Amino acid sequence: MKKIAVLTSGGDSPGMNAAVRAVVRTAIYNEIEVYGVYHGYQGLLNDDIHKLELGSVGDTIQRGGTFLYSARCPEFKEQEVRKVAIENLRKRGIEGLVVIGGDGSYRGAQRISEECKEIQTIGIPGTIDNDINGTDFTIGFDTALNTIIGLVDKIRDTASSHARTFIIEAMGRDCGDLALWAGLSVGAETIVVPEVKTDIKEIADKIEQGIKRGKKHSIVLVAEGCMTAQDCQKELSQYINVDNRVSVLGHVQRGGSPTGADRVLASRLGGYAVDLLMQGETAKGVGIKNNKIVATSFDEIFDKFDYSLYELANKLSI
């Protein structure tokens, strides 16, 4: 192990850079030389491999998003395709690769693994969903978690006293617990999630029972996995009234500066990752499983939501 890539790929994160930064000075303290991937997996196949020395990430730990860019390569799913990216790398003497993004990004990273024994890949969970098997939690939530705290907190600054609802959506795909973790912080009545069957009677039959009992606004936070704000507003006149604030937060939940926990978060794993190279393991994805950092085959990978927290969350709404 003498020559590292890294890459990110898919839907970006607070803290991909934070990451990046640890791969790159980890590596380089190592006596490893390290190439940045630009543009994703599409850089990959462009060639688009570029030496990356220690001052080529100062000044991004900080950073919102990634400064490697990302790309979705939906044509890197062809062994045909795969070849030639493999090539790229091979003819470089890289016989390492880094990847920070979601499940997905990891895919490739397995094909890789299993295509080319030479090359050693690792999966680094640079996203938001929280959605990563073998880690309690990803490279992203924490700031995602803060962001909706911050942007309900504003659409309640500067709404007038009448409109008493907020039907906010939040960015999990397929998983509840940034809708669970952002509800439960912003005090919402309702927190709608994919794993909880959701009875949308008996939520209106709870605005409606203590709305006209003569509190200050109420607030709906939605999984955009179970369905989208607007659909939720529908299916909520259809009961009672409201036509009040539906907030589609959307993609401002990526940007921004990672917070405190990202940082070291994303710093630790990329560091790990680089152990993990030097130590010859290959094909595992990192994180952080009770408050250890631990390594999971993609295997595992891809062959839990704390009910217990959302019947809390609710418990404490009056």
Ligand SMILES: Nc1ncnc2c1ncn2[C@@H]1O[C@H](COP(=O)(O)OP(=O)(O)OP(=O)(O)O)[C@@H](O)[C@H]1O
The other form holds:
Number of protein chains: 2
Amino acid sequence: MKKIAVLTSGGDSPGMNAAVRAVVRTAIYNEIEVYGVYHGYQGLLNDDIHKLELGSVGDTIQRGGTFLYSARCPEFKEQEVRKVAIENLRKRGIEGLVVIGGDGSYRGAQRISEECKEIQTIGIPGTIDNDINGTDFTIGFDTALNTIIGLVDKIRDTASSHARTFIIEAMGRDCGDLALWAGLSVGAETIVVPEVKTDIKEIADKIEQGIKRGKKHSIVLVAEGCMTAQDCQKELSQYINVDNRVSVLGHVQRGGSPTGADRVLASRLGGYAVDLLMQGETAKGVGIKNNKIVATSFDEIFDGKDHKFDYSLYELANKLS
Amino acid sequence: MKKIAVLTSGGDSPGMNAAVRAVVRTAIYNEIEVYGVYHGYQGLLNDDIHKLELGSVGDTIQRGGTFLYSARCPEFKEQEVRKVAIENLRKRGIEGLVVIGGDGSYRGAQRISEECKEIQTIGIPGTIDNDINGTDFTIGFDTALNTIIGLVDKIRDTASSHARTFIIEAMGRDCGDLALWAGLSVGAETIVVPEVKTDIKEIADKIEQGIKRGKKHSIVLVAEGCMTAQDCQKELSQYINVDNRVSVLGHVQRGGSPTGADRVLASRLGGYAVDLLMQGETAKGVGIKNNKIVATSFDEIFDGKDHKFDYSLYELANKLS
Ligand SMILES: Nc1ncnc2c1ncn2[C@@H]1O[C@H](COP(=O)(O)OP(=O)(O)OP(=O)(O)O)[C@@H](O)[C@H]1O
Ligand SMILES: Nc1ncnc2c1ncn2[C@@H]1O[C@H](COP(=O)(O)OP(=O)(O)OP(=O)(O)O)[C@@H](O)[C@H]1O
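For comparison with the form solved without the named molecule, provide the form deposited with the named molecule bound.
Okay, now the whole complex, with that chain kicking things off.
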């Protein structure tokens, strides 16, 4: 395991830089040469691959986004296109590839492993969505969660006296976890998520209570995968009067410095990915499951497509509201 | 389980308010009456016990410290003094007591359970130190961790150009966890903790490298349980020249709004404490162990006095630096 490459792919998540830092520093500590691949899979295709030194990752643990960049590379779904990527790594004697991103990003690594025996691939879960098999949490979830809390605080601090209701669109893609944790965290009366059948009427009866009971600043937190904040507002206005504050939180949820949880998590998983390459492993995603650092085959990641939504926690949040 | 009391004891930790909120709201949801005990165990002694309603805990999930207060009550180590506490609860028909605090606080609950069969007691781990058997994390640790990161950022942002070295005293009491996670999180070259034998010389050779290599802003993170920042500075100055920036972070580490992790953790543990009282349980601390919400008898909490320091993570941090 003489040389490894590392790349970041998909949307930004806080702690991607901390994961690259840990890959680079662990590899060099073990006398392995490490190459940064810039712009995700497009970088592999364009040969935008450069040797990293210890100082290349100075001042990065705190840095949001990804200093290697990321780009979309739809053409990487083509087998013939991947041959070009494989040859650019092989050219350089690279024996290991670490991909930091979401499950989409993992598919690319799985293909590279199937199509080149000589390259070992390991996935690191960098995404704010928390929707990757075999890890309880993804690198960015904790940071995203706190970003939502701060945004909701800013909204409330800047709102008018008439604001009876704030409808806040959180990210998540198809997973309700972010909306649920953020919702609980901000004391939301309602949390709208894809895993629970939304009862608009029930929700409207709940706003009209707080209001009738002379209560201000009620929060509806909405996962983008269920519906848009706008849509939620339009649907509630079928029953009750509202256009309070429809706030689409948007891409800021991916920005900002990672939290300490993300820094630590990223770091452990980046070092473990390198340990796994040195151990001869391939075609695995790393994670934290039941408080243990573990590796799961991409097959299992993508087959069992089951990481439980916590209905008990959803019901607690409602209980608390 | 008709009536319960809740109290906060020991030093502040972020999320104490969120835990009280969850106790109060869960109890009322289940048609249990709930009494707030003000000023910790002194409140029990002075009968500073008041009925809480749903609105008594509005605007609290985000609030730092503890709205019931806390006080030191050394006299609660006396059995005769505790009889007064027990009678003030018994007077009111209280059948359950929830104590939010550290292991010291738990001792008081253990005694109340031994000395009054009629009161069930449950402990919730509110402390920034992370030093309580049977939970992997305590309510406040995550918040404290991020507070340290922000303080270190402020120090670096405000420091002079000559600052080659920042010696930063973190809290923790006798546990090195905070120093370790914070140290990793800020990219500290050295982390000084009670669980590792400190080699001052080695540390001095490491500062004098960065400096000789024209490198600025090196961080030594010091657990208060190992030594003071001042002492660390005095000990290093036996070998090399330094008085850079000895910063004692202090009690601010206990202040501030809890993070989302703390809010959620507090909330789940507060609701679980109430579930346990309704189930007939007593003399247990609640926690999160291997990603499961669990309850541990006070005997085990205080006997096995073993919650592993993660040497592998300590060694990773050094690897990354
Ligand atoms: N099935 C696939 N085969 C090969 N490459 C893929 C596949 N799916 C995605 N990719 C590569 O991964 C890149 C990142 O994809 P995506 O936008 O899905 O990000 P992600 O955050 O990794 O995935 P997710 O939506 O699951 O969070 C794509 O632009 C593409 O180069
Ligand atoms: N052995 C004991 N018996 C009875 N009461 C106790 C005992 N130890 C502590 N207490 C009570 O608990 C209160 C809080 O104690 P302490 O200052 O130790 O806080 P803590 O954060 O709960 O403990 P720790 O130092 O383990 O984190 C004390 O002032 C006292 O009323």
